[PDB]
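To begin, one chain is listed below as structure tokens, in the form deposited in one PDB entry.
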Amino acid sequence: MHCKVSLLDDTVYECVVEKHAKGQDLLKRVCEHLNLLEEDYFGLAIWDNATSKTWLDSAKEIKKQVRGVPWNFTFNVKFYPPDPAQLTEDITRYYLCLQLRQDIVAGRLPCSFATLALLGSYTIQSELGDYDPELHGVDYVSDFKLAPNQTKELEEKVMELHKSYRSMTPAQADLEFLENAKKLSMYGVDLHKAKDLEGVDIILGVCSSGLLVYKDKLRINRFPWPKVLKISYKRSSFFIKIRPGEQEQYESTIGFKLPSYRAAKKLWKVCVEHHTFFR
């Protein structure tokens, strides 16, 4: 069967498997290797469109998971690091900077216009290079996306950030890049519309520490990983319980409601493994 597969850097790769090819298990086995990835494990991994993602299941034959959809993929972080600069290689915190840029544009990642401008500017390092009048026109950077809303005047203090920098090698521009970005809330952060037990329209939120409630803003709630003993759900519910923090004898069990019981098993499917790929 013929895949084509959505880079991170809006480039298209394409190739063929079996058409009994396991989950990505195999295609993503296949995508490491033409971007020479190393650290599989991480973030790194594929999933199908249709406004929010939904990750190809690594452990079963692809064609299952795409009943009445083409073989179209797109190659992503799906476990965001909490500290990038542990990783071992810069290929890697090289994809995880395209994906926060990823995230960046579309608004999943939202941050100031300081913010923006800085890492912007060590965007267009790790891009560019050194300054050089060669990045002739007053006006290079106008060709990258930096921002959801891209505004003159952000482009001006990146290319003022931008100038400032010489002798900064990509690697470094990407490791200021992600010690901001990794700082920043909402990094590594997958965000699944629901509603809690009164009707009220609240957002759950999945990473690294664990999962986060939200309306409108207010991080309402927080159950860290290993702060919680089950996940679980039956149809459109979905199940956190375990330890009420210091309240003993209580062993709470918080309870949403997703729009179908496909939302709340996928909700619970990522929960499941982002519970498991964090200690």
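Residue numbers count along the first chain shown, from 1. Rigid core (definition): largest C-alpha set, two forms, superposition within 1.5 Å. Compared with the form deposited in another entry:
Relative to the superposed core, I231 undergoes a Cα shift smaller than 2 Å between the two forms.
Fitting the two forms on the rigid core leaves the C-alpha of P82 displaced by under 2 angstroms between the two forms. Superposition on the rigid core between the two forms places the CA atom of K215 less than 2 Å from its counterpart.
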Second form
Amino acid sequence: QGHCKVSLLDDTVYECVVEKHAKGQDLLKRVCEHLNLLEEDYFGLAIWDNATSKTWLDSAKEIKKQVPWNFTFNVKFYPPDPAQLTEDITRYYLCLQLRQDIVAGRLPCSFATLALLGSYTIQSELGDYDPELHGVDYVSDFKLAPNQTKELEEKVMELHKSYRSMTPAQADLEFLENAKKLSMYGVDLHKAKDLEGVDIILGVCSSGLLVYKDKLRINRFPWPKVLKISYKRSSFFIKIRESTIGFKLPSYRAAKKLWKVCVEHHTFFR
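Return the structure block for the form deposited in another entry; the form deposited in one PDB entry was the one displayed.
One chain, no partners, no other molecules: that is all that follows.
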């Protein structure tokens, strides 16, 4: 208790000890200092209830109540125009996050997109293709897809071999120009039901609160139109310009979690 283990975006683990009574701010302070983090407001620390369910760490509440003391360092706020971030390092970290999102299935891509994005990942990681030193079977060390096939790796190497004088910063920019246009880019998903009992998924992103039935987007409430976001017990409420759309969440923890992310996005992207 108090021993913190934070998985960074480059898969390195950072460990520190905080006071037993520490708040989240105290741990975030340490992680941002360690990384010498330039545009740190885009990032946050997450706690994983299970393999596919996370809650962000609340900077103002004690760590002990929220959690072993294991965390991930992630992009929390995905920029809609990554080219306007000031620092190449921030673009690099955004790429590492998107690669995780791709491999986890949170950012669905067609085969051609996987191959294109994967080609830029490879260019940024290894530099220009080098037929003497790389050969013909050099991409399996990189996780480019949820299921990484030989056919995908072959397309990636074909595209990679076609590039010249592309620095990692330039590769990152091409990756991001393409990724930013994907429909799930930067979308944080939360299961819910509508009032009729129908299963839906709510997506939180820079643009607004999105509503999906299946993989199909059927509503969006942009942040400029949202007047108030609230929750009570397992109910979540959004007031728009004048009506309130309520959703039923599976627990009060889930409703609270959603409300918090929505307020944070509403504020960050004002």
